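Model the placement of chain L on the given structure of chain E, informed by the hints.
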Amino acid sequence: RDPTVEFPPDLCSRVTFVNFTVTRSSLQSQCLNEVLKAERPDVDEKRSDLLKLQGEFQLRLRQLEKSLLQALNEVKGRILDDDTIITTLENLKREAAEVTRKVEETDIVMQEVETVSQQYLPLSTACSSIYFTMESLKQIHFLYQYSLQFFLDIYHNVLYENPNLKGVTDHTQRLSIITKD
Amino acid sequence: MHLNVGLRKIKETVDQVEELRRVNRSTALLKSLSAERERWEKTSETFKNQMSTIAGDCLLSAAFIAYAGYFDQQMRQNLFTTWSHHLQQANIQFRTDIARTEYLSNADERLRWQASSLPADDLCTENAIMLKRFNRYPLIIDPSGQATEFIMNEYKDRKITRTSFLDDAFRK
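Residue numbers (the entry's author numbering), protein chains in the order written: chain E, 3682 to 3862; chain L, 3199 to 3220, 3472 to 3621.
If you're looking for bench data, these hints aren't it; they were derived computationally from the structure.
Take the hints with a grain of salt, since some may be wrong.
[Claimed, not checked] Derived EDC-like pairs: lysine to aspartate or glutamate, alpha-carbon spacing no greater than 16 Å straight-line: (1) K3480/L with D3762/E; (2) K3757/E with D3213/L; (3) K3480/L with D3764/E.
[Unchecked claim] Examples of chain E residues toward chain L, derived with CB under 8 Å: (4) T3697; (5) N3714; (6) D3764; (7) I3767; (8) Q3826; (9) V3839; (10) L3840; (11) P3844; (12) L3846; (13) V3849.
[As the list claims (entries may be wrong)] Between beta-carbon pairs, the in silico distance windows are: (14) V3686/E with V3203/L: 50 to 60 Å; (15) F3823/E with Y3516/L: 33 to 43 Å; (16) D3557/L with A3752/E: 55 to 65 Å; (17) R3220/L with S3748/E: 25 to 35 Å; (18) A3504/L with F3813/E: 37 to 47 Å; (19) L3802/E with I3547/L: 39 to 49 Å; (20) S3613/L with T3850/E: 45 to 55 Å; (21) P3690/E with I3541/L: 54 to 64 Å; (22) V3784/E with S3613/L: 25 to 35 Å; (23) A3752/E with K3480/L: 39 to 49 Å.
Ideal Cβ positions, reconstructed from N, Cα and C, are used throughout, including at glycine.
Next comes chain L alone, as it looks inside the complex:
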């Protein structure tokens, strides 16, 4: 909507220039504004391009968040590849250059995770993304123990508490 308002704003500037012409200074202004509109239309072309490809990226990302939560890196990659191949078969435009670790995460959140002692592995990045965004309460399977440290560091400001099922004070 912002881009389209600006798109008609360019035509308003064109109207102002036309009123001015009704002359070489205004002519130079007109031609450079035409180059400005050239930039506008190339931006809108690629911008409608990601409009066309937004659906497939969201589909793949959602399928990856909901599923693939137990499988290892190899099997997650295999499922993503099969999904992408099927989407290619169905002529559904999904952008490929993006990493699933980058679409669903922001730079500020990634930096906070790094400050929260998150191992820089991309698998751990996917796990962090899934922990951030979920519909069912996650079940963390961490034999290493790094995930617990990451959760405590991330949610320290909210005063996250540690407790175990064996503890009787769990219910309280």
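The shape of chain E in the complex, shown without the other chains:
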């Protein structure tokens, strides 16, 4: 639990380290992802589709490739015209064009999803500063001891269960309200 403890060299040799301490960039990105998934659920599904164009659309492309491969591996009807693999070729071309257009859509992500990230970028930096002000708050008094789970509880109670967001649907107004809350 102690992040500032010092270990003898033998311990550092026998085990590998997996650092989990939260930094300014770490909390910034964590809260950016939190607001990305919580806010703009349709655009959150758009970012999910960004993930899908790599994990499913590319997966569908490769699986249709191998399905075509196995279908033409049958080599049924010797001599006879059984090379009807052509429809699978058309489907393969459609899938490849879909994946290339999804790469172009990720180029649009360098325009549109990056916009969704940068609009919440001030929020992430601000809340990271909030948490590290809370951490640095422990100096002025021994009683001002706040954990990260507490700050995440405020973050969730602001994003979720917020009475000020029930009647607001526009992204910019929701962002202003969410920062104020």
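Chain L alone, transformed into the frame defined by chain E:
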């Protein structure tokens, strides 16, 4: 090996078409199969391309897994950048578009980690990847405490147990 077996399979289909021709229907079949082989060879071109670049990606990934386990995000990025710059200097082909968080992790494992209450930060993703694949038993440094919850959620099915050094029942 699968791709090469299919590559010669295409020549077997060409032989079948040649036997057929020895005629416009067979000609259309031949030309569309030629387009099929065009697809084959472009796929094999990019596919040998990742064959050429597989070594550098593995080198960088291994150096990142073994080292960089204590440093923060900024210093991990700095070490990765220096390593990549040196590999570029030595004319070693390493693919750059891939994220180190994506090469070493699979979609199913990432989804299980998300169900295991893992904070979506890429640094936490690197930590999870390192916890999955290791040679020395990891030492988790988590002042936040999220990592312990993630470990318990991930290894609940294996009935992972909590115990502390101060506890006398540790040895048992």
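Violated hints, by number in ascending order, as checked against the structure: Failing hints, ascending: 8, 9, 10, 11, 12, 13, 16, 19, 21, 22 and 23.
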